[PDB]
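Participant: Listed below, chain by chain, are the residues.
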Amino acid sequence: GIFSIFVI
Amino acid sequence: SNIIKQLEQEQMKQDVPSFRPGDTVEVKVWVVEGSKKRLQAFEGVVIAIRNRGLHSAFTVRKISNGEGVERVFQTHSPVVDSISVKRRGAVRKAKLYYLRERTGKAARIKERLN
Amino acid sequence: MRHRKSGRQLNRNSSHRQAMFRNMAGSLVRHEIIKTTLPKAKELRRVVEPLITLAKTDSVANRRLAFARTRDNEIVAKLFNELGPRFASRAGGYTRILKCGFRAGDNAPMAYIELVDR
Amino acid sequence: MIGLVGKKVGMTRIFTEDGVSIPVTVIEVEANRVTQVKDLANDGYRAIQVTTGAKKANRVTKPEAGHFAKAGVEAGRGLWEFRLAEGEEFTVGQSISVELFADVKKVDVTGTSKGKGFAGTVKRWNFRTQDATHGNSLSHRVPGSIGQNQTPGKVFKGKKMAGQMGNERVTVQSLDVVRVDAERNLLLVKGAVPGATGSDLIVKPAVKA
Amino acid sequence: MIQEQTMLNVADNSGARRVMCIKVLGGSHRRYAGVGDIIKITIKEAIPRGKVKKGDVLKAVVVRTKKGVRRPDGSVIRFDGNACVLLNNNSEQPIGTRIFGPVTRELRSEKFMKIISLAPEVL
Amino acid sequence: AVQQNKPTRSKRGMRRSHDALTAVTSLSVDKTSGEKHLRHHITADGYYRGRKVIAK
RNA sequence: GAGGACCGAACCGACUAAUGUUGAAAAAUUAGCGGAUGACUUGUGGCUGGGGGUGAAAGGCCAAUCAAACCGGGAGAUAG
RNA sequence: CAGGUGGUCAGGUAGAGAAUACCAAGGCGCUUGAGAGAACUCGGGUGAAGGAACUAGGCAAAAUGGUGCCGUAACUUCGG
RNA sequence: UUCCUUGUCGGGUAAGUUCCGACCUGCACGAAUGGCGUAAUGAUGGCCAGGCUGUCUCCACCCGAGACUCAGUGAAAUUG
RNA sequence: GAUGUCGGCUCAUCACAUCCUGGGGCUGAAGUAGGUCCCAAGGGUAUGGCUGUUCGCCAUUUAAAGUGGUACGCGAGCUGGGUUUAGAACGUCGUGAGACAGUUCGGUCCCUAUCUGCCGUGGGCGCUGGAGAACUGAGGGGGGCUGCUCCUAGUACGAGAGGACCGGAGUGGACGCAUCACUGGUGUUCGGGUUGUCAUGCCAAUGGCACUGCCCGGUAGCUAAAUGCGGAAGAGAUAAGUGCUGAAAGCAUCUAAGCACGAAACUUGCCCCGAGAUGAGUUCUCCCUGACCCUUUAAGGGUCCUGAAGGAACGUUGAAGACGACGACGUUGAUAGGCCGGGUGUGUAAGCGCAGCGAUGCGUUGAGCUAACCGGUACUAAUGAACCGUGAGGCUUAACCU
Ligand SMILES: [Mg+2]
Ligand SMILES: [Mg+2]
Ligand SMILES: [Mg+2]
Ligand SMILES: [Mg+2]
Ligand SMILES: [Mg+2]
Ligand SMILES: [Mg+2]
Ligand SMILES: [Mg+2]
Ligand SMILES: [Mg+2]
Ligand SMILES: [Mg+2]
Ligand SMILES: [Mg+2]
Ligand SMILES: [Mg+2]
Ligand SMILES: [Mg+2]
Ligand SMILES: [Mg+2]
Ligand SMILES: [Mg+2]
Ligand SMILES: [Mg+2]
Ligand SMILES: [Mg+2]
Ligand SMILES: [Mg+2]
Ligand SMILES: [Mg+2]
Ligand SMILES: [Mg+2]
Ligand SMILES: [Mg+2]
Ligand SMILES: [Mg+2]
Ligand SMILES: [Mg+2]
Ligand SMILES: [Mg+2]
Ligand SMILES: [Mg+2]
Ligand SMILES: [Mg+2]
Ligand SMILES: [Mg+2]
Ligand SMILES: [Mg+2]
Ligand SMILES: [Mg+2]
Ligand SMILES: [Mg+2]
Ligand SMILES: [Mg+2]
Ligand SMILES: [Mg+2]
Ligand SMILES: [Mg+2]
Ligand SMILES: [Mg+2]
Ligand SMILES: [Mg+2]
Ligand SMILES: [Mg+2]
Ligand SMILES: [Mg+2]
Ligand SMILES: [Mg+2]
Ligand SMILES: [Mg+2]
Ligand SMILES: [Mg+2]
Ligand SMILES: [Mg+2]
Ligand SMILES: [Mg+2]
Ligand SMILES: [Mg+2]
Ligand SMILES: [Mg+2]
Ligand SMILES: [Mg+2]
Ligand SMILES: [Mg+2]
Ligand SMILES: [Mg+2]
Ligand SMILES: [Mg+2]
Ligand SMILES: [Mg+2]
Ligand SMILES: [Mg+2]
Ligand SMILES: [Mg+2]
Ligand SMILES: [Mg+2]
Ligand SMILES: [Mg+2]
Ligand SMILES: [Mg+2]
Ligand SMILES: [Mg+2]
Ligand SMILES: [Mg+2]
Ligand SMILES: [Mg+2]
Ligand SMILES: [Mg+2]
Ligand SMILES: [Mg+2]
Ligand SMILES: [Mg+2]
Ligand SMILES: [Mg+2]
Ligand SMILES: [Mg+2]
Ligand SMILES: [Mg+2]
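Protein chains in written order, with PDB author numbering: chain v, 2 to 9; chain P, 2 to 115; chain N, 1 to 118; chain D, 1 to 209; chain K, 1 to 123; chain 0, 2 to 57.
The set of hints was computed from the structure by calculation and includes no laboratory data.
Backbone N, C-alpha and C define an ideal beta-carbon position, used for all residues, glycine too.
One thing to keep in mind: the hints can contain errors.
Unchecked claim - Derived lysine-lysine pairs resembling BS3-like cross-links, with alpha carbons at most 25 Å apart:
| hint | chain 1 | residue 1 | chain 2 | residue 2 |
| --- | --- | --- | --- | --- |
| 1 | K | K40 | P | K38 |
| 2 | D | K8 | D | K105 |
| 3 | N | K99 | 0 | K57 |
| 4 | K | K51 | K | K67 |
| 5 | K | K111 | K | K40 |
| 6 | N | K5 | N | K78 |
| 7 | P | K29 | K | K66 |
| 8 | K | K114 | K | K40 |
| 9 | D | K160 | D | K114 |
| 10 | D | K116 | N | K5 |
| 11 | P | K37 | K | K111 |
| 12 | D | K160 | P | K6 |
| 13 | K | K111 | P | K38 |
| 14 | N | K35 | 0 | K57 |
| 15 | 0 | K32 | 0 | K53 |
| 16 | K | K114 | P | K37 |
| 17 | N | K35 | 0 | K12 |
To be verified - Pulled a few chain D residues facing chain P out of the computed Cβ check, cut under 10 Å:
| hint | residue |
| --- | --- |
| 18 | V9 |
| 19 | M11 |
| 20 | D18 |
| 21 | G19 |
| 22 | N58 |
| 23 | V60 |
| 24 | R184 |
| 25 | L186 |
As the list claims (entries may be wrong) - Covered stretches of chain P (in silico footprint by chain D; criterion: 3 or more residues with CB under 8 Å from a CB of chain D, positions within the stretch not fixed):
| hint | region |
| --- | --- |
| 26 | 82-90 |
| 27 | 96-110 |
All chains, please: the whole structure from these sequences, using the hints.
Facilitator: Below, the structure written as structure tokens:
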């Protein structure tokens, strides 16, 4: 999973 | 439904003349301007006929003052006083809806002659 | 909704339905009894019995209307030479449906459909 | 006031003399035979029970046939009750015909509405559809949200959802009576009444003004 | 059956040629204007020396529709296009002096008797 | 979506409490063979309501 | 009868949308899309090796593995 | 396993054509069926009056589309 | 590239934080890590109009494949 | 060892600190129209331009365009414009790698529902012999909006301008239910035209395929844009408020005793559901009236004979329907198919013949064909049976009859 796409 | 056709067969007009699509027909209708009562004429080409007994109708198209006007008449309605054919036309169809996109000399209809 | 509608779709489109009932009506005219499913046999009466009504008056135009609906000259010949004179004094009801068991491969309810004087 | 049991024959049109067409529904009201009278001593309320039509004698059960033979009337297709007012009296065996409505001006008609089967929320509750384009993923006639988050954490009762539509008892009120034809057992009311052609209708005088 | 963004023809000699309906008046969430109804319009096309100019915000009454009118016997009168007559914003009186084409008998009211008198034909 | 707890063998038998099959009660006897068959169906030996309908 | 010319099939690509997303498929189908005589495209063989290659440059690609491939050893690294 | 894989052969009617439609020689109906004719999803057809008012955005859909001839503006590196 | 800022003025619209033209107060442009123009090109970013339409007002009906029922075979994630 | 997130869309629900509609007091309230406070939550409470915007400014309406809560409601319901990892550029900061609530173009949105819940629809058993019907109605839900024009009347009030209260009539907007008679949409199951090609030996006539090949009309059903109906009046008890009589307090005082008014809120009146209302109700009708054996003795068990009223199953099916269910019918029959007559639609078939060089035209001929429609007709299928369901229905008291 490419978790860094989640906008923080 | 013998019941409904008995109720409808006693309301139908008995002197409706013969016409077909393509004919030029003058229709005289009752108008009431206030409380006196007159007849007015609508003369044009029959473009559609619906046949349902008491629910019969026909559509008349005419050009009025440079404007296209269509009128659906209920045939057995007592507003319509008389129907009269002025000219018999020769067409191949039952519905002349293609006359809506034609104007002037493109809208001529041949007389049947036979 | 479905109110007052006629005809069975039978999980086909319309041109497959028409080709299937032309073949089935030709096989019933040929062999005079076939085995099919029960809904196909019920939908076949509204196909086969008008052809037998059409064959009760012989004319060139009725042969051509039967050829247009069957596309087989052997079927039109048997309709107009044999089946017409058989049923000449019968007002409808030319076939008869007999229910039979279930098809082994899919549990389909099967039925025979025959002609009445077979 | 009591009413009558009829049958929907269908719709037609009546032309009037000034050239106005009136849409009418034709209701056949044959004579209603009173089969039982109820009162406050035995039943706790005042009412009559009527029947109409006919039935195959092999389709009438023995309890129904004994109930019709005790009254002395012929067996109809069903049984309906009407609450009596104070000062109205009838006797068992009396026939009531459509000339009861000869001076009635407006009526209420009750029938069983037409069955639509399982209906979605667009048809059943006039819900708005979502976008036909612009990215919509498989959600064109779906109902949308059905509640709120953790508070309350449930769906409320009476939430408008898909389900059985139609096929239920409906009353239309205050319909103009156009014509009462006693010779052919007819009653003509203006407008449309619930149900399909051939269904049973209950025609009462109007409760309002 | 006129709603917003509908283009209408102009049936008088006020100077305008094309108008656009920008409000159907007389009620909240009101959808349509048939024959006889006042609408608010803006002028899209005009003749070079008319009474009105392009971009004016005026009132108008609908006199002809393609959807048509209905008669108490069930009859229908349809037309080939949609037309309106321009009115003053406050007096709601006609701007032009002639009327072109036929009109119907739904305009027969105290508000629009100058239209009824000026019309070449009333159907 | 999936269960959060394992359903019991009791809830499984309660769900399967409508799964039982219906035996045919109606076996008719044909009036010339005397053999059983379904109602409104032909027999195994090709009779129906007293007559030989298929000679097979 | 020139052209990194033009329209357009094969052939090579991958811009949009729907679908699928325990897929028919660990990157696809459908309908539209770009190039299509050239800095084109492709079969057969060969050469370049891991702090190394190759890169019309994206830290891209080097056997579904890449800001240092894989396999075996040091090795039971070390882990407040 | 709706994906991938180089070369060779190239009929008829229409067509500029190895495009497309229908056919020949040749080969196939793609290894679950049978019913019914609900919501809702997928792929399509048609739509009164209106006509981008939808939306972040004319996304998607609709539309245009061939041959011959007449005719064609600003601008320009004189080719367009 | 401009924070203040939707700067101010003109145009286009009934109504324009976007666009186009212009001003100059350039927080914080500028000359080969180029300045400023520029025909032709672009599955490039933005904006306006005509055609066209189920995008929409406001959805209706139809045709197919599923969903439903009968027979056969028969998964999965999760689970104190 | 993961509680997805700004705005919109769909769908809401609640509060009341009320935007409109209803009722009142004061006004520096002449009337119209305002201000301000008190009561009141039944219903209702814009469309567009700009922008990702929520807001805001603006255009034009409306009776009015309410303020908040609900994970700043709602992504296992949708979008993905804002924000937005990896690409790239600008301004700027740093020698630099790089950095920036500075900007800009681009940038993968998974889940077949076990449980609670909600919407619908069935099976079981209970309701005390069984069965078939019609009800009463504890309780529950739906619904409740409003403009304008006219008469009272150019009356009240006002210098004039202007312009009412109360009350009555009509006609609209939004919303809801029903229906298909009318106007229309659809109508791949009816008719016709037509391009290409293939076939039926050939001419003629037809059929397959090309999105139903492209089209033009259209039956029934379904339907809205079509056309009928609706919100009530009335009654009870009240909110704020206004009062009658009346003392404590010789007066006064709406209140403490007694008495009356008083609103879209409340309870009813309108519509629907409703006896699993386990408190399981009522009324009407219908069927069943044989003999033995044993045990541990009681609402006992077993045996042969009996099988009702009614039901279910099977079949033909439906304006009923996902499946169940519900409705009509099964030869004492119109239930479906077919057939017969009518209708409706399309629009003058084929064959033959005559005119023409020919394509074509004309006569036969408003012809032929015609789905779901209407009225008829036992020609086809709806079977003689079998199956479930029993054999008078507990105990105690009370009142009448014997
Ligand atoms: Mg039927
Ligand atoms: Mg299937
Ligand atoms: Mg139904
Ligand atoms: Mg979709
Ligand atoms: Mg847990
Ligand atoms: Mg099961
Ligand atoms: Mg080139
Ligand atoms: Mg090219
Ligand atoms: Mg692609
Ligand atoms: Mg493709
Ligand atoms: Mg291409
Ligand atoms: Mg980099
Ligand atoms: Mg490298
Ligand atoms: Mg790789
Ligand atoms: Mg290292
Ligand atoms: Mg270790
Ligand atoms: Mg070591
Ligand atoms: Mg394969
Ligand atoms: Mg290849
Ligand atoms: Mg090809
Ligand atoms: Mg397969
Ligand atoms: Mg379907
Ligand atoms: Mg389309
Ligand atoms: Mg349309
Ligand atoms: Mg249109
Ligand atoms: Mg817009
Ligand atoms: Mg909008
Ligand atoms: Mg596009
Ligand atoms: Mg400006
Ligand atoms: Mg500028
Ligand atoms: Mg620079
Ligand atoms: Mg320099
Ligand atoms: Mg320099
Ligand atoms: Mg330079
Ligand atoms: Mg450009
Ligand atoms: Mg714009
Ligand atoms: Mg299933
Ligand atoms: Mg199975
Ligand atoms: Mg956890
Ligand atoms: Mg308050
Ligand atoms: Mg006040
Ligand atoms: Mg915008
Ligand atoms: Mg939220
Ligand atoms: Mg959620
Ligand atoms: Mg974004
Ligand atoms: Mg996007
Ligand atoms: Mg952005
Ligand atoms: Mg999603
Ligand atoms: Mg997706
Ligand atoms: Mg739970
Ligand atoms: Mg209530
Ligand atoms: Mg009709
Ligand atoms: Mg029509
Ligand atoms: Mg059609
Ligand atoms: Mg052909
Ligand atoms: Mg020929
Ligand atoms: Mg073929
Ligand atoms: Mg085809
Ligand atoms: Mg083919
Ligand atoms: Mg009831
Ligand atoms: Mg009970
Ligand atoms: Mg008879």
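Participant: So, for every hint listed, does it hold in this structure?
Facilitator: Status of each hint after checking the structure:
Simply put, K40 (chain K) and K38 (chain P) have alpha-carbon atoms about 36 Å apart, too far for the 25 Å limit, and the pair is violated. Distance check on the hinted pair: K8 (chain D) and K105 (chain D) sit about 19 Å apart at the alpha-carbon level, within 25 Å; holds. Restraint check for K99 (chain N) and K57 (chain 0): satisfied, since their Cα atoms lie roughly 16 Å apart, inside the 25 Å limit. The hinted pair formed by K51 (chain K) and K67 (chain K) fails the criterion: a straight-line CA distance of about 30 Å is larger than 25 Å.
With a C-alpha separation of about 16 Å, the suggested pairing of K111 (chain K) with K40 (chain K) holds against the 25 Å cut-off. With a C-alpha separation of about 33 Å, the suggested pair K5 (chain N) and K78 (chain N) falls outside the 25 Å cut-off, and the hint is violated. Using a Cα cut-off of 25 Å, the hinted pair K29 (chain P) and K66 (chain K) holds, with the two alpha carbons roughly 23 Å apart. Our distance criterion of 25 Å between C-alpha atoms is met by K114 (chain K) and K40 (chain K), whose separation comes to about 20 Å.
At roughly 20 Å between alpha-carbon atoms, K160 (chain D) and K114 (chain D) fall within 25 Å of each other, so this suggested pair holds. This hinted pair checks out: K116 (chain D) and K5 (chain N) have alpha carbons roughly 15 Å apart, not beyond 25 Å. Of the supplied pair hints, the one linking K37 (chain P) and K111 (chain K) holds, its CA atoms being roughly 22 Å apart against a limit of 25 Å. Pair hint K160 (chain D) plus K6 (chain P) does not hold up; C-alpha atoms about 43 Å apart against a cutoff of 25 Å.
For the given pair, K111 (chain K) sits about 24 Å from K38 (chain P) by alpha-carbon distance, which is consistent with the 25 Å threshold. Distance check on the hinted pair: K35 (chain N) and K57 (chain 0) sit about 13 Å apart at the alpha-carbon level, within 25 Å; holds. Distance hint between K32 (chain 0) and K53 (chain 0) is fulfilled; the C-alpha atoms sit about 11 Å from each other, no more than 25 Å. For the given pair, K114 (chain K) sits about 21 Å from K37 (chain P) by alpha-carbon distance, which is consistent with the 25 Å threshold.
About 46 Å separates the Cα atoms of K35 (chain N) and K12 (chain 0), which puts this hinted pair outside 25 Å; it is violated. With 10 Å as the threshold, the beta carbon of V9 (chain D) comes within range of chain P, its nearest partner Cβ sitting at about 5 Å, so the hint holds. At about 8 Å, the closest approach between the beta carbon of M11 (chain D) and any beta carbon in chain P falls short of 10 Å, and the interface hint on this residue holds. Residue-level restraint check for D18 (chain D) holds (minimum Cβ-Cβ distance to chain P is 8 Å; threshold 10 Å).
With a cut of 10 Å, the hint placing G19 (chain D) at the interface with chain P holds, because the nearest CB-to-CB distance is about 4 Å. Interface hint status for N58 (chain D): violated, as the beta-carbon distance to the closest one in chain P is roughly 27 Å, over 10 Å. For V60 (chain D), the interface hint is violated, since its Cβ never comes within 10 Å of a Cβ in chain P; the closest pair sits about 26 Å apart. For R184 (chain D), the shortest C-beta to C-beta distance to chain P is roughly 8 Å, which falls under 10 Å, so the interface hint holds.
Interface hint status for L186 (chain D): upheld, as the beta-carbon distance to the closest one in chain P is roughly 7 Å, under 10 Å. Figure legend: the region 82-90 of chain P, annotated as covered by chain D; annotation inconsistent (0 residues with Cβ-Cβ distances under 8 Å, at least 3 required). Evaluation of the coverage hint for the region 96-110 of chain P: breached, as 0 residues show C-beta separations to chain D shorter than 8 Å, against a requirement of three.
Consistency note: the structure conflicts with the earlier hints numbered 1, 4, 6, 12, 17, 22, 23, 26, 27.
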